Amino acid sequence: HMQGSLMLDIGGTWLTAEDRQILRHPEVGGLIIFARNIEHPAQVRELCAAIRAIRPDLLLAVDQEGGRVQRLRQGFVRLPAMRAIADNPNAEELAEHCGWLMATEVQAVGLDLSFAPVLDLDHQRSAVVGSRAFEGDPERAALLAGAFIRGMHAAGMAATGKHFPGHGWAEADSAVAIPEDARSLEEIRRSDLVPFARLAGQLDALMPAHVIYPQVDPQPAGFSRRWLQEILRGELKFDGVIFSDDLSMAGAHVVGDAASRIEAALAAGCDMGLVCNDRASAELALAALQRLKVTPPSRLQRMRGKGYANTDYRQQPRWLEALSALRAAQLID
């Protein structure tokens, strides 16, 4: 039988009775949290614990990269944007401290993974990449990123590189338009695809971009068996998990109904479909996974973080080194 899984979201600070009923379905493999869910660190710990009271095995995720994408804000250290870490004499050291601190904190409120870091290159072109990108030079970005990942891992967290093959060049937004990248496969392999390649080893999961690369595949990357099977698994040698990008955005609407979107997405090789912000679409997706009788991909458990979810991380020395280290660069407060 086919494999696959599904990442939901809720709309409140605590679980409504529908949220609990739907969490009980095994086809569901994770939940993602946004600003609207997050009130205080304690509140997030309670929410994680209430979710795990129902499904201890569910992956809990957040978009916490620092900079202008940081959901966990009050009670947490404000982590810089990756561009800010880019320009420092010791940016590799500051990147390791960033990833480890970010991940120790995100895990310290009972989450498993963040989707970090962004391996997209800043060409000063895409609206959505902006300061999130580590650099514009592929090898510099990738060295930096790789160190960020070393930190996450040191803290116990599985690292998730987004967005394959690269959102840097497409000058449209994936949430509203359908972004297109007309570059050749060799020009992508030479620029934007470099960090995925270099980090394919050290990455545990990847998220495809909803950009279309018509010189490679007519369909968007997350729907593309050429992008996901031939170039990624067979070529880049990637063995981790493939989280689809959010299937409620416009970059995903090329296929059709949300059930159809998750069919394309898992049939292309994604291990986990992300449906956010629409409960209706998430329930139609879920119906489709029920019908297909999916089983969770075996590798998903590899995303669950190994760090203790307590307040005891403050008394580790690596916490003081990271704090001092980061304060000196003027990244942290």
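Numbering follows the first chain given and starts at 1. Note that the rigid core is defined as the largest set of C-alphas that superpose within 1.5 Å between two forms. What changes on going to the form deposited in another entry:
- With the rigid core aligned between these two forms, only one of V118, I262, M152, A221 has a CA shift of 2 Å or more: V118.
- After superposing the rigid core, the Cα of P296 is displaced by less than 2 Å between these two forms.
- Relative to the superposed core, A84 undergoes a C-alpha shift of no less than 2 Å between these two forms.
- Relative to the superposed core, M249 undergoes a C-alpha shift of no less than 2 Å between these two forms.
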The other form holds:
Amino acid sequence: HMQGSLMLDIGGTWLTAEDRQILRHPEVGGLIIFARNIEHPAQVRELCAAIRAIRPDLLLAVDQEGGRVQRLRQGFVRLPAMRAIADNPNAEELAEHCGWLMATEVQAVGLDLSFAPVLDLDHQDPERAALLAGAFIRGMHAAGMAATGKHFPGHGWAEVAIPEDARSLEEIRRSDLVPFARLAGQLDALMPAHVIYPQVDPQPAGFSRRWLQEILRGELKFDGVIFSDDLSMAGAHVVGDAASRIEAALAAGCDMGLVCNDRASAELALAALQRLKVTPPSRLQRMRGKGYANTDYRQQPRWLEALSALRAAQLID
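The form deposited in another entry, contrasted with the form deposited in one PDB entry above:
This part shows the chain on its own.
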């Protein structure tokens, strides 16, 4: 009866028979790719095509995670870092161009969305930081891509258990919350922090009805997609299982559970969704990219004009 979906990953650069089978379950709604799955844009495009032949409705995401190493031969477009963009007189335009460039290439290789490091708002003048991230978001949207931020509500220092942050809500409100409050009406999706704020709630933000429903949906009026944090944590030696955690995440109001780097865990989370007979959240297809896969994107005028602006500003070449 209830609503939810799973986002998972694969181990390699091409699909296994096991991947093909698990992709057919309708409770699987997403796939994310990482460096280990990427050889070059051409192989990424062909991989996305193979997945869409199984499931045209999958949301396909690439995690950029602060640069993916060595896209040297026919690689992905190299974009300036946001700190370099900020120190220009036309930083807002340049951030727009960067978001449009990244989103245009990502969808040209058949993906729906990118998890971009500039939209990690708590691991980055903060009002100017919000302004430049908003401009990056306009570029992404102009290319037809939905924009994901993290980590709500914010915690960018250190902790091997799960971090706890002892600040009041009014102290969080006047600090880490401010980027989110400002981009909430512009972001299409958010990922929560793997942090407990005991002054506010005893559960991590990603399993807290109070963080997700009362502060985020209520106070911040956010109506986009809530991704869970990583419900597998493969290698961290946690106890509990991806199956109990995805139940906990959907209970709190997550739309889609992420189970990365642990196929065993993804299968347990999937069995959990099957028993629930979940159907996809009505929100979910907001993340579908309006762009399309193609190979001529680098010869288009808007692409060459975006690069010319970056170059005039001294940022590339």
